[PDB]
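Excluded from the complex is one protein chain; the other protein chains are retained at their positions.
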Amino acid sequence: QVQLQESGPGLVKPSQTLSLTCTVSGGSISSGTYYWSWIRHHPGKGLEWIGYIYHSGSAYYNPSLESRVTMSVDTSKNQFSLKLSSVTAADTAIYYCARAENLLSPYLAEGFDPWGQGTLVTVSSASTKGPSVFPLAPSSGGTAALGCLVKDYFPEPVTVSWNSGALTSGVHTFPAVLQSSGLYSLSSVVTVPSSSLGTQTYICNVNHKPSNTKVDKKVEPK
Amino acid sequence: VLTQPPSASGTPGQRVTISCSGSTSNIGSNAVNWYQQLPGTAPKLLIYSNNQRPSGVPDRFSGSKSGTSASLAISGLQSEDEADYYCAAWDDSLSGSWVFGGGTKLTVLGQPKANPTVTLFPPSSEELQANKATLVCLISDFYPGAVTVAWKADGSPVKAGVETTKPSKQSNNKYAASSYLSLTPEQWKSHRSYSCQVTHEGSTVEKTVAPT
Partner (left out) sequence: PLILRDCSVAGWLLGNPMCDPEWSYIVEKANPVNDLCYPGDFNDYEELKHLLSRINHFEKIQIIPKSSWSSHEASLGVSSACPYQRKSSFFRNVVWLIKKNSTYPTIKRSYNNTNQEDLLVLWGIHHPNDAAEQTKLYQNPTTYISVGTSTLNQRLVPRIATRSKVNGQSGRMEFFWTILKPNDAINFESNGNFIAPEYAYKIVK
């Protein structure tokens, strides 16, 4: 099972260059006759193929993006990468890497498989902003809900875990609301036994990679 | 570029077909692929070379092409098939590229009702100490995906400073939403209580919190 992983989500200012990297694991980028591909999903639109590249260097691009696009391969790091120049808000998207697995001709490869998990790239002139995190305390022999509120960050995404991932049962992280200020906020809540409130510690772990912000918050009764 | 119906639906056990209309330069000249995107995941390959399935894709998914049109038939429809389905083909125009249809959202109807769990949180001590106040109304695990949220201070309604998300499809095909009410610490302390009222299907639930 070959696996693909895009580099982390981020902000790019308009007219600058978006750079992404895909790391391949479980197989060699230079093994087999595959093309290594980038595909993006603009919010509320569809899928758009950007292009793909062979391990020895030749590449083929979507003609609507060709003049701004360059890809490259780094066989020693087992990576391939994408540069998209002169970006605007039209380039805000989830960017996926993928392996085009089945050659039908020397340059035509189909069957994108596997894909990475995408990476969200936001094109904006606004500054990155890390969240403030507040505990949502449980108030109660049954079950109690507790959570944490992740306020005023930009851009998306944040991830929330509980007790470093040891706690997954009953965890709901809700989609963010977009405030009129242009900042996001979200909540994560976990449902736990009321009995354990006195003896068990609950810490939510908030990660906001676009600003390199990691915040832990203890959520305790009252 | 390729044209797909924006929606399609069926009830469990049925056969649903999803059409993809192209031109001579793309579907008419080249192999068609289909991709399935479940909620919260990346697309996955479903059909390549017009009608071939990768390992782990059952016979119930059947691809076909004729002329400048392609079709995906999903037999024995299951609740887990709710997803966006994309067709794709190489297009010979302008020296060539892969193109996608706009995607078809497939809904499987007849799923069991589930009313939402509503949790209301007051502002935290820490937030109040920072001279702000947010009430958080969390609404989860409901089906189907339509809810109404209204807020109240004491018995009087409140409209200002409310932000509510659109209901979003979870991985288990149920839905989640939230609503936020922004107050000054002073308004929070001036009233006896605040309430969040959620109506879904024919049920209305009101939750209330009060400064301690």
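The first chain written gets the first letter, and so on, giving A and B; residue counts start at 1 in each chain.
By definition in this document, a contact is a pair of C-beta atoms (placed from the backbone, for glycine too) under 8 Å apart; a residue touches a chain by one contact, two chains touch by 3 or more.
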Chain not shown, its touching partners among those shown: A, B
Chain not shown: contacting residue from A:65, A:69 or A:103: A:103
Of B:22, B:43 or B:96, the residue in touch with the unshown chain: B:96
Residue among A:16, A:58, A:88 or A:140 touching the omitted chain: A:58
Absent-chain interface as seen on subunit A, which is shown: 33, 54, 56-60, 102-107
Residue numbers in subunit B that touch the chain omitted from display: 29, 31, 49, 52, 95-96
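Methods note: only the chains that are shown with their structure count from here on.
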Length of the line joining the C-alpha centres of subunit A and subunit B, rounded to whole Å: 18
Contact set on subunit B toward subunit A in their complex: 30-31, 33, 35, 41-45, 48-49, 54, 86, 88, 90, 93-103, 119, 121, 123-124, 126-127, 130, 134, 136, 138, 140, 163-165, 168, 176-178, 180
Touching residues (chain side subunit A, partner subunit B) in the complex: 39, 45-49, 51, 60-64, 96, 102, 104, 107-108, 110-118, 132, 134-137, 145, 147, 149, 151, 172, 174-180, 185-187, 189
